[PDB]
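In the block that follows, a single chain appears as structure tokens, in the form deposited in one PDB entry.
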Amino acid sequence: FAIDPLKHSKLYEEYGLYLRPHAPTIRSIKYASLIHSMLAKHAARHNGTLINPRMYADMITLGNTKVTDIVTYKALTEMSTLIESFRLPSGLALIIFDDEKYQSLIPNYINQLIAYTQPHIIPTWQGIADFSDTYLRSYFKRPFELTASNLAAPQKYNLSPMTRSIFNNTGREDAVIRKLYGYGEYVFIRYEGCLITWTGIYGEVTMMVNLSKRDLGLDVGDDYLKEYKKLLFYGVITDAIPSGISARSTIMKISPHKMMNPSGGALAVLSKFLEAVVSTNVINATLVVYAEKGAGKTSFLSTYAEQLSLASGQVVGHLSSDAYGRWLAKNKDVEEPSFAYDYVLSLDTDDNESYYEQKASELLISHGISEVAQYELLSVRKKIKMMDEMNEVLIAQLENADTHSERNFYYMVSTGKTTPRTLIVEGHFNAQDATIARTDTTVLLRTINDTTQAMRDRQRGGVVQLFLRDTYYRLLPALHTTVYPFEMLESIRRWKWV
């Protein structure tokens, strides 16, 4: 293996792979642990680098090479007597998981060997490495799933403490099962997340949640609107968008599952934002958050601002995605408007109608489209023909810098006296990049929502909402860093404050 299973066993406990007790496949993991200790000693002796790594790669992985001045070949003869004392018929293949967290914890003396090695890559379906592999069937314990129908004494099956590990998928307590059904000697795997299979418009949809099954208070058959905020904060749909998740989806199956690891690049960009939040050398720190129209993004970002304000000590501002439109629908005729932040935020209410929504509704009426069924029945050429006419009313605001331009709006809100220092600005599409603020970091957001289903299921706006969604999709590629809400919350939990 790339990471030593005997020293770093608690890492391998999290993938569900527990060690068989210590058979020619049991002495080999002791042999690999001795090789890891010898490599670590020889690497730390010479400034953290192996001196002749191609020979180490041959001697470990292939096992064909025997070596018989003081710096150079003494360590190689010390390695050769160790490997020759194993009497193996062949070498030991280097084994790497497909997990990015695993690939970022591999030691440097193994990274110096990976260049000269044909490594074995183990795929991970849901983050958990599959148990069907040779090396994981031979070295680690094999799990056994208890369900409601499968639950019996261990003597009904052929199960031993030395071979199998128990996966308690019954919905009952582990000590209850362990005392009442005779599992006192078997080791249970611990999964700290959740895996929900929902019904859908299009089929069966899965969902991974980073909450425990006791914290996430859902059972089989529960409605999607129950605990929707916790699901929205900590959930990821593992199916291809568009998925059939709607407000009337019910639960088919809940299981405990491995908690998702947040992506290192998303955390890199969010930490890059939190550096400008902390440092006194930056006067204004600004985050730009892109998402589709209908991802439920203000309900997350309005609490992201609260958590950032609590963990930072400073005051964090938050403009919604419709702030400029709700400002302009009032102030398009005013010769000298007000750019006060508490005036913009007071216009930012939801019962105010946007300028883009008014112009889009007049456009949809000009084609005689007034019903969601009428818009769904159009052709792709007709839809693109209408979106090319909405682009003509979107360029008029982005095109210059006048007293009502979008650049001027976000300029006079960002550079104001009474405005907060650290602002979180939402956007709709990538062409607003020049227009919105002067921020080094800009992200794209994904939540557990089919936006074309939410803008179809809602009953207030309907056609205008879905049409602006499709236009903003057509103008918003996924060309900035994709961030999930649990990654944005985990960034604040991981950053060290003061």
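Positions refer to the first chain, counted from 1. Under this definition, the rigid core comprises the largest set of C-alpha atoms superposing within 1.5 Å between the forms. First, how it differs from the form deposited in another entry.
With the core held fixed by superposition, the comparison between these two forms singles out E78 as the only member of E78, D174, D130, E389 whose CA moves by at least 2 angstroms. With the core held fixed, the Cα of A431 is displaced between these two forms by less than 2 Å.
After superposition on the rigid core, displacement of the C-alpha of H42 between these two forms amounts to 2 Å or more.
Once the cores line up, the CA of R54 ends up 2 angstroms or more apart between these two forms.
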The other form holds:
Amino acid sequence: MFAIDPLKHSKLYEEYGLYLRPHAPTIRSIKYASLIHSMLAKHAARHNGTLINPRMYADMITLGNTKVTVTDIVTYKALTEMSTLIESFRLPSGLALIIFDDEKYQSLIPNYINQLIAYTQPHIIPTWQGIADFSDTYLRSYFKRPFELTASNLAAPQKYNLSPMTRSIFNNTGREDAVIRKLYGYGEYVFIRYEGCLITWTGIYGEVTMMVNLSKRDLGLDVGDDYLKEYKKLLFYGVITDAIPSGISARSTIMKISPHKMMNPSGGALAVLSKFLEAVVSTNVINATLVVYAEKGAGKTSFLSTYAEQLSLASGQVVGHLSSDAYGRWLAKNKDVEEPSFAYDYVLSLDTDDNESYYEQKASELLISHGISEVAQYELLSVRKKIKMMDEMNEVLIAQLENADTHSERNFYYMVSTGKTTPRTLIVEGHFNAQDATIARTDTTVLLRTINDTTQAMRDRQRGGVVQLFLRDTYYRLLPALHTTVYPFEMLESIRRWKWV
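Output the form deposited in another entry next; the form deposited in one PDB entry has already been displayed.
No partner chains or extra molecules come along with it, only the chain itself.
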């Protein structure tokens, strides 16, 4: 007995690569579980969406050791009906409750099954990359077992002991399903269908696996292609499934691409993003702002520019986007003017790449004061030696967040956010969580992760890469993952799922 009925919701199981075996004791057992699901929904619809004794229901279904028989009758009527249904199955034991370890599966479990989970030891099936392992007892007994055709495996199905009524086909040959279906005699078989990709790369430390929400036709990549080829599609639609640091770099090439199941976005990420979109739409809110934190080196401006464009197009309003080095490039010009400007077009004109930041100058002077000039010099230090310098960098950071002066950062975001000509909806980037007291008043702050080894992106660039790596490590030491973590495809899916107008 599954948490979600396969005879009713067959298409959801087809998404996981699981096809029902055609119509034996397993065949009788799945119909018995369907009858139990229908009976449970009927009994739960009568009392506030709940079950009146979930330990009793759990014992009767999963253990199969309880008979309730009329010899109040009203309080036990539903249990007598369930008892006469389970007694007639004549099973030697009970039906174990079966859950997949996917989040998209767990969101679709009915309420009464969730009420039964608390009084049952369920059978939890692990998922490797969103795909449940096909070698489980129940998934082998109830579903068709998949068979993978590759470029070396490929032959007619009579070479193996394959039959239409037992096996399903995973085409991983790099060829069309019609060509395999008419040219190798796979006409009567059913092919499993995946919509994303899984790529294995070459890493600094090994090999790196990446799940992508694009098809292999749309993502125009082959084995051997460079990491910088089709980089923006990978950035907008990819998630690296390895531990940090995963040594992906600009020198990475593709070892293998296979079709894989698409990722589903997280619930809390979509929740906080839809909270922001509700603030964008509503007329009761004067100013709406999204604060996005990211590690220094993640390529977050390139995504958030496109995000701001798509939000302007789907919304019909003007979206402003300050960079994460906005206050630094402002203060590197205006730290001596007694009454400097806070106009949005001036601050926006100072957000270019060819303006140096104030904190970069202070960190570069701090590195010169310790004789540090090179990446090889900086990497060669111990951890205590680095932390002793990052404490001095925190001393130069604290002076700009401690008060509300005219050159303070809190006043900077105040005079930009509450200006006349500034747009209503802003997207502001930050480097670390202590700016939560300093960036303008929001209710939605997220943390962004990309497909970027930030410490490898910083060592593979110019214009003071030592200062860049030093600031990355300082900001990492000040930025935990204490806000909700959001990927770029989740931020695009948030705009696509919001019903507009």
